[PDB]
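Chain residues, written in single-letter form:
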Amino acid sequence: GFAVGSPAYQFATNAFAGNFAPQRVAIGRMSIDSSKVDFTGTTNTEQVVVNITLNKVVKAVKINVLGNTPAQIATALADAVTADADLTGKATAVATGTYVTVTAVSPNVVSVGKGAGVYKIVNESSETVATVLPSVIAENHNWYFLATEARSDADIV
Amino acid sequence: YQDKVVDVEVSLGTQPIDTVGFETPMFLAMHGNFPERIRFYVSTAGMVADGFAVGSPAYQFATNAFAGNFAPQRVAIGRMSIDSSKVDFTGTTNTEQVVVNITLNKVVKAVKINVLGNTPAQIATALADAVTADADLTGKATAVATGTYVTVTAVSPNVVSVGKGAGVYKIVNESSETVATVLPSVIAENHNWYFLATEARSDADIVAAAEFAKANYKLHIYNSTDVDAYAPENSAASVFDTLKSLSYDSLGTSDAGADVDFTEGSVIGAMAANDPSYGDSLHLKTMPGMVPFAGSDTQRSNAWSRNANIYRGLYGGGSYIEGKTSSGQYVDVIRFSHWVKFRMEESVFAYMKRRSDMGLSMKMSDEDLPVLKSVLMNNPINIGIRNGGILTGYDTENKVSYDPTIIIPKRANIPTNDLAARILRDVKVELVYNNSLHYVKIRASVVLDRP
Amino acid sequence: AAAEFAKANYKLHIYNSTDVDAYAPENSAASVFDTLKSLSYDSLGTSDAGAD
Amino acid sequence: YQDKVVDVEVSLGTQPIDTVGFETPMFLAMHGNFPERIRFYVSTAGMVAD
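Protein chains in written order, with the deposited numbering: chain P, 54 to 119, 121 to 211; chain G, 4 to 119, 121 to 455; chain U, 212 to 263; chain R, 4 to 53.
These are computed hints drawn from the structure, not numbers from a lab. Cβ coordinates follow ideal geometry from the N, Cα and C atoms, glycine included. Hints are supplied without guarantee of correctness; some may be wrong.
[As the list claims (entries may be wrong)] Rough simulated footprint, nothing fancy, chain G against chain P, three-plus residues with beta-carbon under 8 Å:
hint	region
1	143-149
2	176-188
[As the list claims (entries may be wrong)] Below, simulated DSSO-like cross-link-like pairs (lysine-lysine); rule was C-alpha separation at most 30 Å, straight line:
hint	chain 1	residue 1	chain 2	residue 2
3	U	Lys222	G	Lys289
4	G	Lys174	U	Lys222
5	P	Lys109	R	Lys7
6	G	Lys7	G	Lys109
7	P	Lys112	G	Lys89
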């Protein structure tokens with residue numbers, strides 16, 4: 054159920070595409086809270102597409118961008135997500151400023167990934183890398199390279 | 004105690020093994036003709052049976068693929084959910100009967116428009133009116149004219165396919181899905197194809213296809229009409245530049261009909277039936293269905309700088325120029341590498357299984373490990389040498405050796421823990437690929453005498 | 212279309228045409244013959260007055 | 004742990020490399036015939052076209 058273009062999928066594809074690609078890769082897990090789609094500072098001129106996978110169901114949201123400011127694109131994406139028949143009552147999207155925040159109504163599972171367009175995906179979490187790492191190594195210690203999705207400073211330190 | 008005066012054991016070491024084949028291509032079209040995700044066809048007559056409109060993208064690809072000199076034995080067609088068909092007259096000029104083929108529920112019709121000098125809007129309006137006034141399409145399909153283009157939509161559960169006839173225009177199909185989200189399902193259902201081609205024409209659809217093709221050992225082929233393909237040396241704005249920057253391995257070409265005839269099939273048709281063991285480049289092979297490139301000398305250099313292959317006419321005939329992927333390496337090298345990798349893997353595994361089915365399993369002793377040398381020397385390497393793919397021989401003057409070499413360690417050199425785990429690692433092999441000839445330069449001279 | 216179908220299915224296509232452009236100057240590149248030659252199709256064509 | 008009975012690595016050492024060529028000259032003329040800064044020609048017949 055990993056959404057195509059999602060961070061984990063991107064990492065796996067890049068790892069496997071190499072000349073000396075590893076035989077098999079491992080994926081961790083931290084509790085997700087919400088997915089943030091950011092258009093801040095970007096410019097778009099063609100169809101913006103965002104892949105959303107829900108309970109092993111794949112959908113692609115399409116937005117027809119004319121010159122539109124980022125706020126207009128964010129509002130259009132939120133409206134399109136909210137108007138989808140298979141997402142009402144399962145996921146929620148709220149536009150604000152230049153970014154749109156997407157949250158899943160439990161117990162449903164939602165994964166967000168990239169399509170055409172210029173933007174980035176940011177995910178929040180109720181946990182932190184420091185508090186999560188010990189459990190992972192405790193469960194299984196058969197890996198050598200450590201990479202993380204957390205991008206900000208202390209998560210790297 | 005024993006219960007038989009005579010007992011006989013019989014073991015069969017003839018178990019066949021599955022193998023991969025580098026022939027069958029795929030075209031990922033947009034339609035709703037059949038429910039499954041992949042269908043294989045051996046001729047266009049089969050496709051027309053399923054309801055593909057003549058001149059439709061899939062039909063064009065199939066015809067171009069089959070027309071080639073080395074046409075593949077059979078081609079596969081994908082499926083993405085279709086939404087609507089867009090017929091565009093924008094920027095075009097017409098002077099004769101414009102014809103559009105429409106197939107509905109396995110019923111074939113041809114809409115005819117008598118163009119007098122009429123602007124594109126008038127032609128679009130006339131086509132919409134003709135479609136709407138047809139008795140067999142009311143209540144089944146809908147056409148709305150607007151601007152310079154006409155959009156056609158099918159009333160469910162009816163199936164509509166649109167194809168080309170006489171006239172200058174193009175067909176564009178929308179879809180509620182995307183190539184990135186569709187490809188995994190196709191490969192999951194059936195993995196017996198090697199060439200990947202797509203109908204989606206716009207950028208990200210090509211980038212995702214290239215990434216997926218590289219990830220899963222498939223070869224991606226695409227065409228584009230982007231005028232920027234041969235822009236000045238500093239454009240860095242076409243799809244070709246983006247693909248080159250990422251070092252992906254995809255074969256691309258610049259053509260005018262790529263959005264009209266989908267000549268992708270023509271490129272595949274010239275090498276599909278030629279086994280990789282030959283290492284035969286695409287340099288000069290003729291490509292029925294493609295139109296020779298028309299442009300100045302500067303454009304031919306601009307296109308070559310980006311690895312955007314060009315089909316150029318020479319001495320009257322039309323000849324391809326070179327096969328270069330986005331990463332700069334020649335396509336035949338990539339094909340040969342995939343072939344050798346897979347048919348060493350399969351050969352070794354099959355030999356081990358066949359020995360193990362008769363007891364007498366392979367044993368890690370100096371008197372049995374060298375047997376692997378015979379197995380590899382057979383099948384891939386010998387087949388390559390006989391067909392000319394792999395160089396061989398010894399030069400007496402320069403004293404260089406070109407023969408393949410295989411290195412296998414002895415038991416005493418293997419670390420003890422490897423013996424305990426029964427794992428051999430350090431096998432090494434070396435090959436010398438046989439480069440075909442692309443260019444020649446000659447110096448002549450005329451003299452009256454010699455000292 | 213006839214030429215393409217004939218090449219696809221191992222048939223030989225034969226046609227005649229009265230186009231005066233068939234023997235236009237060397238740079239016309241406007242008759243059916245030029246288009247067929249550019250595509251490298253295998254069809255037999257001839258220029259005749261009574262073909263129509 | 005290992006997941007393949009047989010595994011094979013293949014590496015290609017045939018990467019081409021860009022090279023410089025000591026043939027093509029340049030002439031810096033005055034005109035406005037074409038917008039870009041450089042054009043290559045293989046014969047005078049091409050120049051007369053522009």
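Hints, one by one, checked against the model:
1. Counting residues of the region 143-149 of chain P whose CB falls under 8 Å from any CB of chain G gives 0; the rule of at least 3 is not met.
2. Only residues whose beta carbon comes within less than 8 Å of a beta carbon in chain G count, and the region 176-188 of chain P has 0; fewer than three means the coverage is violated.
3. Between U/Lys222 and G/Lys289 the alpha-carbon distance is near 22 Å, which keeps this suggested pair within the 30 Å criterion.
4. Using a Cα cut-off of 30 Å, the hinted pair G/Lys174 and U/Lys222 holds, with the two alpha carbons roughly 28 Å apart.
5. For the hint pairing P/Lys109 with R/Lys7, the CA-to-CA distance comes to about 29 Å; that is within 30 Å, so the pair holds.
6. For the hint linking G/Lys7 to G/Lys109, the alpha-carbon distance of about 69 Å lies beyond 30 Å, and the restraint is violated.
7. A distance of roughly 23 Å separates the Cα atoms of P/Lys112 and G/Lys89; the hinted pair therefore holds under the 30 Å criterion.
Of the numbered hints stated above, those contradicted by the structure are hints 1, 2 and 6, listed in ascending order.
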